[PDB]
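Below, each chain spelled out in residue letters.
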Amino acid sequence: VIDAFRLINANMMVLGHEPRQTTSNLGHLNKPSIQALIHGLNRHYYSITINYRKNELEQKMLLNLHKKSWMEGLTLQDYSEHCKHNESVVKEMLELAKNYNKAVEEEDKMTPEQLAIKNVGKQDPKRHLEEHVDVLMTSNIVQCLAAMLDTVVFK
Amino acid sequence: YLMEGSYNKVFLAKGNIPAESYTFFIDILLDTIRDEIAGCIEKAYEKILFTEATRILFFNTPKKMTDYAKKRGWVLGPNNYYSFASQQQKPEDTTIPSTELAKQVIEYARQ
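So the protein sequences, as listed, match chains c and d. Using the deposited numbering, you'd call the opening residue of the first sequence number 156 and step up by one each time. Using the deposited numbering, you'd call the opening residue of the second sequence number 142 and step up by one each time.
Extracted from the complex, chain d is given alone in its bound form:
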């Protein structure tokens, strides 16, 4: 289920447990959901509202307004959670990592 991009019916599937608790692992499951939703939203995005990042995932607004600053930052403006751009320019140097690639005749074909 963690390989599918559904990430919320696991907890209702956690609602029925055929063993004693299955919660000690579910805590680590919570942890992993936290940093996966972090690392998935931290790329370029266009400013989801407070409620979607707050209640739709987990934490019925206990501390998520604080957890927001705890994890990443992304300072709040008029009720939006904007992602900064973060697109690499493709620096056109390619001398050090591709000088042997540039030499991909002589230092493999002995002439």
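Excised from the complex, chain c in its bound form:
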């Protein structure tokens, strides 16, 4: 959120500003917020836009702010917490299975609109699923893939 006002002015009551010939600085932009109309002088102006020609050199220089070391990219984390993390997730999948069984078991004709007014409680059937299993897969598969991306060349 930026603004850069251009001397919001009220000298004369029958003129605005000198140039009024385009709708780019007059209609193309968003109309100002209501409170800025209230406590600001209503003769508002200005059109803040980044307009720095998109300098490609610094753009390519910055780019990723979360790149890591290349030699960090081949890391394996560790195998022990991988396995106990899997064990931890299996019990929550069991409990999600129990909840899912109950929610398919109810199968009420109360209409899904009225199903969505009583879902505010703890009931979360299929409301997790993905959030662990792909987290499972992205735990496993990379741990699988990095298991084999360091073998045939390291002896």
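Hints are computed from structural coordinates only; laboratory data are not their basis. There could be a bad hint or two in this list.
What the hints assert, rightly or not - In silico DSS-like pairs for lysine-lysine, Cα to Cα no more than 27 Å straight-line:
#, chain 1, residue 1, chain 2, residue 2
1, c, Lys246, c, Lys222
2, c, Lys281, c, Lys264
3, c, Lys209, c, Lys222
4, d, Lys244, d, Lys211
5, d, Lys244, c, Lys239
6, c, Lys223, d, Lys244
7, c, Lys310, d, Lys244
8, d, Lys231, c, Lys222
9, d, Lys150, d, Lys231
10, d, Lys231, c, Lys310
Fit chain d to the supplied structure of chain c, relying on the hints for placement.
Leaving out everything else, chain d in the frame of chain c:
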């Protein structure tokens, strides 16, 4: 009979022939017995004696002492026909043939 692991009463069943000779095919039968007994003994085994590989199958010792070198080799020592070990180590590389097997999530499930 070639699907059963009996391989010698065929020739006495060849002893009675309801046709003219049934020998022109029996020559190819002999051939096939030769290379099947070869390929069955060529795996790991523990050195049968000359006489079992010589007379019990076929060839009442004409040239079987020479046919032994003709087919495979397995040089003779003190009257035994030993089979070399030939057990594969199960090389634990599995990178080339199972990297797509390693990738059996991404290149079938589009995510």
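key: Unsatisfied constraints (hint numbers, rising)   = The structure conflicts with hints 1, 4, 8, 9, although it agrees with all the remaining ones.
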